[PDB]
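Trainee: Chain residues, written in single-letter form:
There are 2 protein chains.
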Amino acid sequence: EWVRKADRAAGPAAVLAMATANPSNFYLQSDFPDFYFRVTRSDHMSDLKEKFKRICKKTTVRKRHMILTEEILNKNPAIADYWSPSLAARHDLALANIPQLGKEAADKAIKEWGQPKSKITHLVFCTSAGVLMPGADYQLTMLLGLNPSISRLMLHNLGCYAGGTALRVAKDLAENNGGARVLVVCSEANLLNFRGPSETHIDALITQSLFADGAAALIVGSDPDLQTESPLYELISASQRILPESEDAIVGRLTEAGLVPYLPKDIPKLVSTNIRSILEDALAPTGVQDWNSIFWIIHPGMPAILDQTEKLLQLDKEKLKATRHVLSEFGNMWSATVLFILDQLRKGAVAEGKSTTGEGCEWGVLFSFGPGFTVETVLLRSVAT
Amino acid sequence: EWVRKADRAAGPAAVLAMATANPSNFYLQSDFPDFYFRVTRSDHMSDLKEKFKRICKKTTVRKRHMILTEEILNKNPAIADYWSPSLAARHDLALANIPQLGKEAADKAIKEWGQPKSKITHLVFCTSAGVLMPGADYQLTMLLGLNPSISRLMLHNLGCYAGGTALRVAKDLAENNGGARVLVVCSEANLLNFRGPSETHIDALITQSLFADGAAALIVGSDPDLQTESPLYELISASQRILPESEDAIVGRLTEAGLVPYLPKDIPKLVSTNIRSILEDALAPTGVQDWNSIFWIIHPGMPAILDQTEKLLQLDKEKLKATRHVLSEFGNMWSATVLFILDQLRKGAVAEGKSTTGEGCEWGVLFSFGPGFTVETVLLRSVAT
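Chains A and A' are the protein sequences, given in the same order. A prime marks a further copy of an entry chain. Plus 6 on top of the position in the first sequence (first one is 1) and you've got PDB author numbering. Plus 6 on top of the position in the second sequence (first one is 1) and you've got PDB author numbering.
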């Protein structure tokens, strides 16, 4: 049937602008083992340093931007310890850095959007870098000077999959509210996860070689005014799922010493078992038969998952090109990573001169994962260039 | 104009079922000063004990349900200290209690609903009692055995206003997804805020006399099947707002010793200045002229705000009856409090035999507040009985 439009939106939610940002300080992966084991006063565990050398090189990561410098770690030595009371000091750094880093990505995205900031009616903010009261959603509202009546959603500590959660949330906000313009900001950092090495906890050490800082920002709206606004993608469907037989696969305890992770169950085998059934369910209303006829955004939380999925569905090596570029150039930035990849994919399609923002393909899938074991899946539709 | 219904819902979001729950252990307010100053090994600060006696009696609170017993505090003495490392112990108690308490409220609400749990497509979970990874939204999904493909939203540490945020979120989920049934669960406790007294920090002591444990649960859906489903209220509008000149009015730092509050600015004066402009804006599409022609749900975070608002708009003393009942019988349960009040208001209207679930009135306003200074406002429409 047909319903009265009233105050709701007509068409599907669309990505209207994107931008990213990182702290200025970065670390090359080739130099990181020496720096890490030095500032964490840990040069004596030489056998662990060799293990970290091997782990860091299999990450296929080149550089990672980080708020934490040697000087900051020197004035907060408990953060460099493997396990010492440091939460309040980490949260002071989060208050001084997380909303500000999110404003840098938001400013660029609003600049590309072209419309006034007073047209932003909703704000979705994801971060696992610090629990703040009021949250970083409020701090960004003040720094940007957004409307005091903005409808905000603060998402604390959902994990690495929250990039898909933010897209899933913004979709419902924009499609159900006429004229709604949703600012999406994922601002992440290692302020809660960074700690010294332990020969006992190799899970925590492995995460020290991938996690990095960064912030992504989007403008999501339905019914775009095509004379002033330019859509980049369409959010057609977004769903969440808990993988079967995956209890306590990823657990992160927030303690007096910050965020401590635990990864007992095998993650790549869990994704490899379910990846096909999930993505086929997402592509069901599209009629796509070739896995290589769509563009891809996979959360590079574990690079081995990129390789095994590339093999299992027999993808062109160029399909995951934007995914591996962000991983190589920026590392794992929690929820911001998949939005970084969506922007790099957009830029690469425009640069190499292809017909669609989705590298010439019409449909695309976004897939991230985290504690649950939770899987977030989004079906995207590209636009002509 | 008219748009194709497609996969969206036709009518506004409706509250289809409600229920509450509390821990079995409770404390009468008349006995609390002796118990508090005894288990926090603090009987020697006699002048502070007298201050607490006076504060506790002005709360107009009778009893408060609490997970923390004397024995539990005895096996976790750092929780009883004013400021000692205790976060991990608090989060162990949150893992063992918060999802379970939310399941008790959810079971009763699903029982009143009558439909199978496999019809629940969305879950919204609010808590400020513990940051968990995976969250209490996942734990409830497992305990209830809800669909693994449920769309979840975990809201950590938004504060006291999150009861209105959950209603604001569920409204968009139900109205934009056809057939969607949204389970809303606010499960709160003092596991992060409870601590010993300090003659230095009187803000923290005042919160020790109001905050309490409890969980509320709703089923929210649009387009109700009126032969099996019975609506109780309608969510017509829900908005968020930051009050002008209110920076750092309520701040809660999450530290190694748990949640420490700071309340420097005057809260009742902030609400009294803005309460009328906000509620008039919410009632604008209703045509209501008498403030006593609508029913009321005000977050009883500060009882002085109930009295000043009652005076300022000259309300019948019976308007805030359900609000003061929950405050007297249960205290401040963070986001669950206003949903407790909505249920008591529903029960009181049915018991005293009135024409509407809103005590005979047609329209009603829900109003909660917290860190920001943030204000959440919801316009409700009652239903015939």
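For the record, the hints were derived by calculation from the structure and aren't laboratory data. Careful, some of the hints might be misleading.
Straight-line alpha carbon distances no greater than 25 Å define the calculated SDA-like cross-link-like pairs of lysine to any residue that follow [unchecked claim]:
{"id": "1", "chain 1": "A'", "residue 1": "11", "chain 2": "A", "residue 2": "292"}
{"id": "2", "chain 1": "A'", "residue 1": "275", "chain 2": "A", "residue 2": "148"}
{"id": "3", "chain 1": "A'", "residue 1": "11", "chain 2": "A", "residue 2": "271"}
{"id": "4", "chain 1": "A", "residue 1": "11", "chain 2": "A'", "residue 2": "185"}
{"id": "5", "chain 1": "A", "residue 1": "59", "chain 2": "A", "residue 2": "95"}
{"id": "6", "chain 1": "A", "residue 1": "11", "chain 2": "A'", "residue 2": "9"}
{"id": "7", "chain 1": "A", "residue 1": "271", "chain 2": "A", "residue 2": "9"}
{"id": "8", "chain 1": "A'", "residue 1": "11", "chain 2": "A", "residue 2": "199"}
{"id": "9", "chain 1": "A", "residue 1": "353", "chain 2": "A", "residue 2": "149"}
{"id": "10", "chain 1": "A'", "residue 1": "123", "chain 2": "A", "residue 2": "319"}
{"id": "11", "chain 1": "A'", "residue 1": "125", "chain 2": "A", "residue 2": "63"}
{"id": "12", "chain 1": "A'", "residue 1": "271", "chain 2": "A", "residue 2": "62"}
{"id": "13", "chain 1": "A", "residue 1": "271", "chain 2": "A'", "residue 2": "154"}
{"id": "14", "chain 1": "A'", "residue 1": "123", "chain 2": "A", "residue 2": "287"}
{"id": "15", "chain 1": "A", "residue 1": "11", "chain 2": "A'", "residue 2": "14"}
{"id": "16", "chain 1": "A", "residue 1": "125", "chain 2": "A'", "residue 2": "7"}
{"id": "17", "chain 1": "A", "residue 1": "275", "chain 2": "A", "residue 2": "81"}
{"id": "18", "chain 1": "A'", "residue 1": "123", "chain 2": "A", "residue 2": "11"}
{"id": "19", "chain 1": "A", "residue 1": "275", "chain 2": "A'", "residue 2": "151"}
{"id": "20", "chain 1": "A'", "residue 1": "125", "chain 2": "A", "residue 2": "7"}
{"id": "21", "chain 1": "A'", "residue 1": "81", "chain 2": "A'", "residue 2": "101"}
{"id": "22", "chain 1": "A'", "residue 1": "11", "chain 2": "A", "residue 2": "12"}
{"id": "23", "chain 1": "A'", "residue 1": "123", "chain 2": "A", "residue 2": "113"}
{"id": "24", "chain 1": "A'", "residue 1": "317", "chain 2": "A'", "residue 2": "248"}
{"id": "25", "chain 1": "A'", "residue 1": "275", "chain 2": "A", "residue 2": "145"}
{"id": "26", "chain 1": "A", "residue 1": "11", "chain 2": "A'", "residue 2": "13"}
{"id": "27", "chain 1": "A", "residue 1": "81", "chain 2": "A'", "residue 2": "89"}
{"id": "28", "chain 1": "A", "residue 1": "81", "chain 2": "A'", "residue 2": "289"}
{"id": "29", "chain 1": "A'", "residue 1": "325", "chain 2": "A'", "residue 2": "309"}
{"id": "30", "chain 1": "A", "residue 1": "271", "chain 2": "A'", "residue 2": "148"}
{"id": "31", "chain 1": "A", "residue 1": "81", "chain 2": "A'", "residue 2": "91"}
{"id": "32", "chain 1": "A", "residue 1": "63", "chain 2": "A", "residue 2": "287"}
{"id": "33", "chain 1": "A'", "residue 1": "125", "chain 2": "A", "residue 2": "149"}
Trainee: Which of the numbered hints are not met once you compare them with the structure shown?
Mentor: As far as the earlier hints go, 3, 5, 7, 8, 9, 10, 11, 12, 17, 18, 23, 28, 32 and 33 are violated by this structure, in ascending order.
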